[PDB]
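Student: With these hints in hand, go ahead and build the complete structure from the sequences.
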Amino acid sequence: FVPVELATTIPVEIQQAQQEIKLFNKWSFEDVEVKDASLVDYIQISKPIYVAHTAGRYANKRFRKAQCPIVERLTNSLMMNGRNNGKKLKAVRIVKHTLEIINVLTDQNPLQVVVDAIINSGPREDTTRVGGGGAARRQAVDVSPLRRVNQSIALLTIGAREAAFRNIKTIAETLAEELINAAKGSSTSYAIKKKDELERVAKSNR
Amino acid sequence: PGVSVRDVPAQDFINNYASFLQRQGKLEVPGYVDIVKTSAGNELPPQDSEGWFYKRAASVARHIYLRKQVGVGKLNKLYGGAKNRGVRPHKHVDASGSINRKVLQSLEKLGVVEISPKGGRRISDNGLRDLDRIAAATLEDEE
Amino acid sequence: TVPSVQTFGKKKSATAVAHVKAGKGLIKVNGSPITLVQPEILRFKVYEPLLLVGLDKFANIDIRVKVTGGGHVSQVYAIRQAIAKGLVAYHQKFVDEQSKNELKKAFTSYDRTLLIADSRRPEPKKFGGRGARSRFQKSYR
Amino acid sequence: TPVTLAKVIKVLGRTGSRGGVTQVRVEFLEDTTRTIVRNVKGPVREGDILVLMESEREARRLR
Amino acid sequence: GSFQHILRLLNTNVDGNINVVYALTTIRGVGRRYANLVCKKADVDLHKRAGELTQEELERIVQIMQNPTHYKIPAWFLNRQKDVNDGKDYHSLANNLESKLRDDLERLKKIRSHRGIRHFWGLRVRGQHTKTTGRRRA
Amino acid sequence: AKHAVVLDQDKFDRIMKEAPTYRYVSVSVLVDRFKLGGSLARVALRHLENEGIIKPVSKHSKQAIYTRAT
RNA sequence: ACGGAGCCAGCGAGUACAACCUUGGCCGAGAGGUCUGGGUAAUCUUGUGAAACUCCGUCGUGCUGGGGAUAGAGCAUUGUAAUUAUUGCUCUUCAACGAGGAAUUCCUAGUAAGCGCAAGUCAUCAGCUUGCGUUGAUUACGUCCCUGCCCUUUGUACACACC
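Chains as they are written, first to last, in PDB author numbering: chain F, 22 to 227; chain T, 2 to 144; chain Q, 3 to 143; chain c, 5 to 67; chain S, 9 to 146; chain Z, 36 to 105.
There may be inaccurate statements among the hints.
Said to hold, decoys possible - Quick partial rundown of chain F residues pointing at chain c, CB under 7 Å, derived from the structure:
| # | residue |
| --- | --- |
| 1 | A58 |
| 2 | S59 |
| 3 | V151 |
| 4 | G155 |
| 5 | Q160 |
| 6 | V164 |
Everything labelled a hint here was simulated from the structure, so no lab data went into it. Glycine included, every Cβ here is placed at the ideal spot set by N, Cα and C.
Tutor: Listed below in structure tokens is the structure:
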């Protein structure tokens with residue numbers, strides 16, 4: 022509403038976004054409830070930010086990894102392997118292409134599929150290797166709360182990059198499929214299988 | 002208004018300039034076209050083949066406009082890039098001198114480049130006209 | 003005669019100087035307008051000072067920047083810190099404070115440095131190792 | 005998969021023979037005022053919620 | 009479609025489909041930048057698969073392969089130059105080249121030099137340190 | 036070589052049959068059916084952008100997403 | 001990866017009694033030839049417009065256009081001298097290796113790991129070391145389980161002292 026006139030000429034499509042709605046890139050960042058107690062507060066959609074490439078004074082105190090928006094978590098996780106160490110420009114371009122796939126598939130806000138994928142690839146129980154003499158008996162210890170989020174985002178990118186190792190199906194297509202499978206719990210994607218296969222190990226030693 | 006070269010994007014500027022030259026075909030050709038490596042380190046020749054030189058000559062002209070006076074050795078260093086020197090780290094060395102020199106020699110006779118004092122090559126009066134006309138043409142393409 | 007305050011931002015060695023004036027509404031970067039920049043994906047970052055407070059503020063103020071130092075992406079922060087200060091310097095001197103205070107507290111909620119200069123500079127590489135902390139590989143065989 | 009709800013009420017130091025385990029007392033959100041001691045692997049803060057399959061059984065210091 | 013797959017050229021194999029240059033690289037003599045130089049004279053698309061070609065293009069190319077100085081080559085994109093007493097240059101790009109090198113290697117063995125002595129035993133010729141390199145030998 | 040790269044006129048009939056009405060259309064999608072492998076799929080997709088048919092979303096080399104024209 | 005197009009740093013260094021760094025102009029497909037300078041150095045090389053990167057095209061999952069080792073012929077340069085390829089360049093030769101077994105080293109933020117640049121030795125030779133700036137994570141923010149270090153309390157037939 023009301024395209025403002027300056028000496029420099031900006032397109033109208035950019036000014037359509039301005040003033041009214043504080044959007045992400047084009048579509049809306051608003052809504053997208055988590056609805057899973059444990060991951061509430063740590064997964065943050067309330068922070069509205071446009072571009073996923075900030076300065077970052079995150080890892081300093083202790084619990085400041087929570088402050089970072091979940092779109093920037095996916096960008097940093099793809100940087101593994103020494104060939105791809107650094108270079109967030111390459112990751113940030115790919116993360117835009119993953120979200121464009123989800124917008125096409127059955128409409129939908131793509132962050133609702135991303136947040137639901139984080140819920141459905143976070144283990145409930147992960148055993149710590151206790152000694153007690155020498156042997157590797159595994160006692161059932163519980164998992165909360167950043168450890169459910171930090172493992173889940175890592176397991177998606179491991180399943181994503183391994184699928185596109187010598188393949189035409191380049192990272193953006195595979196990563197989009199992993200989030201749909203986790204959001205719509207299909208028991209096929211390795212984000213779910215690697216989580217489910219640890220469930221499971223705790224109950225045997227209980 | 003304020004019709005200048007900087008309103009037009011740098012990558013999109015050369016596309017209108019390349020087609021402008023190929024209509025006339027009066028920028029001149031040296032003789033080394035497509036018998037060429039392009040740089041001192043570059044395995045494959047030019048993929049463009051036809052045209053090619055008109056893309057190069059356009060990008061040389063616009064850089065002579067912005068700066069005071071550009072030379073041959075600096076243009077080779079600017080266009081030139083990385084290598085693969087066996088099983089060692091990748092170095093940087095200059096590009097082809099014979100291609101970039103005959104751009105500057107041929108553009109003098111066409112009516113763009115001028116001989117400057119001290120050292121290098123600055124712009125003529127008629128050279129600024131053709132730069133702005135194509136910039137104005139590219140402004141019409143966008144708007 | 004015209005109101006001129008020389009604002010400047012800084013991220014690493016990448017420095018930028020925004021000379022503001024009164025007029026029509028120029029926000030140029032190295033001669034070209036705001037919409038170039040040249041990293042191309044990071045064009046959206048340079049709008050962040052504009053789109054938060056609004057384009058209505060820039061209808062009077064005329065800015066132009068010369069950026070040197072650093073790299074490609076580091077220079078975008080230098081421009082963004084310069085334009086953010088460019089408004090505040092104008093609104094502090096020749097405008098009421100309540101407008102300028104609304105700029106301050108707007109940028110706190112979306113604080114990606116903006117007004118504050120960033121802390122991190124590079125640290126020396128000391129002897130015996132491929133870096134500052136990283137040491138060479140040992141062997142006692 | 006029986007999902008029992010929970011909530012942190014007290015952090016009990018940093019236990020274990022190794023550094024990678026933390027004891028916690030756990031009160032429930034539904035059916036309040038039922039205190040049980042049980043281990044947590046990751047970071048813990050007052051007011052956090054725990055997800056767990058097996059709830060009523062009790063854990064001890066890991067050796 | 010599917011017009012011919014092998015498809016010989018001076019006895020050696022030229023596999024169907026693929027490309028102009030990278031099918032021609034199968035010849036024991038032609039490489040990844042010579043076939044582009046040869047294709048430039050005839051003026052054919054590198055975009056095409058090239059195994060499915062017109063009949064005249066094969067025979068036009070073979071004339072350029074045999075004769076270097078006649079067709080448009082600078083005379084310094086050649087494999088071999090200078091042989092016998094005082095005169096001229098020439099090269100080959102077929103089973104001629106592999107046979108030529110064996111005869112040219114015998115010249116080094118006949119004169120009996122530091123290279124020719126090293127070629128007898130199968131050791132490293134170009135001043136390398138043989139305290140590591142190639143733990144197998146031949 | 037795992038086949039499906041050689042140019043056949045019989046296949047060019049079936050490309051236009053299976054062109055319209057699809058969610059996913061890209062270089063990533065067509066190779067899964069064992070069609071024109073690799074680069075010839077890009078040339079096949081370049082035909083379908085000329086006379087309408089299928090309209091674009093992304094316009095990058097290596098990331099070329101398209102969607103059907105509603 | 002292979003093409004164009006876009007195009008940004010900081011540490012340094014540098015001859016007049018020697019032969020140093022050397023823009024600009026012509027010759028050359030390269031390397032390098034030559035005419036000229038300027039600089040005893042925030043003045044000239046130099047903005048040391050360096051790489052990785054950005055963005056459209058060419059190839060696409062085949063030891064392949066990935067990878068570059070072995071090889072042969074000639075064209076350059078530094079030297080009294082390069083055959084025991086000094087060094088670079090030009091076409092050809094086109095292998096080994098589809099993410100590495102027990103083991104094992106370094107590492108808590110502008111760091112790690114990509115990335116080149118400069119100096120040091122230097123008539124001519126970086127796959128090295130010491131320095132600089134670009135690209136910039138994941139993961140602890142605790143513990144004596146392992147490998148060794150400091151004290152106290154205990155035992156000694158040891159005192160060139162558990163070899």
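Student: Are the hints correct? Go through all of them and say.
Tutor: Verification of the hints:
1. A58: Nearest chain c Cβ about 4 Å off; hint holds.
2. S59: Result: holds, 5 Å to nearest chain c Cβ.
3. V151: holds (5 Å)
4. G155: violated (11 Å)
5. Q160: OK, holds: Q160/F within 7 Å of chain c, min 6 Å.
6. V164: Holds: closest Cβ of chain c sits about 6 Å from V164/F, inside 7 Å.
Checked against the numbered hints given earlier, this structure breaks only hint 4.
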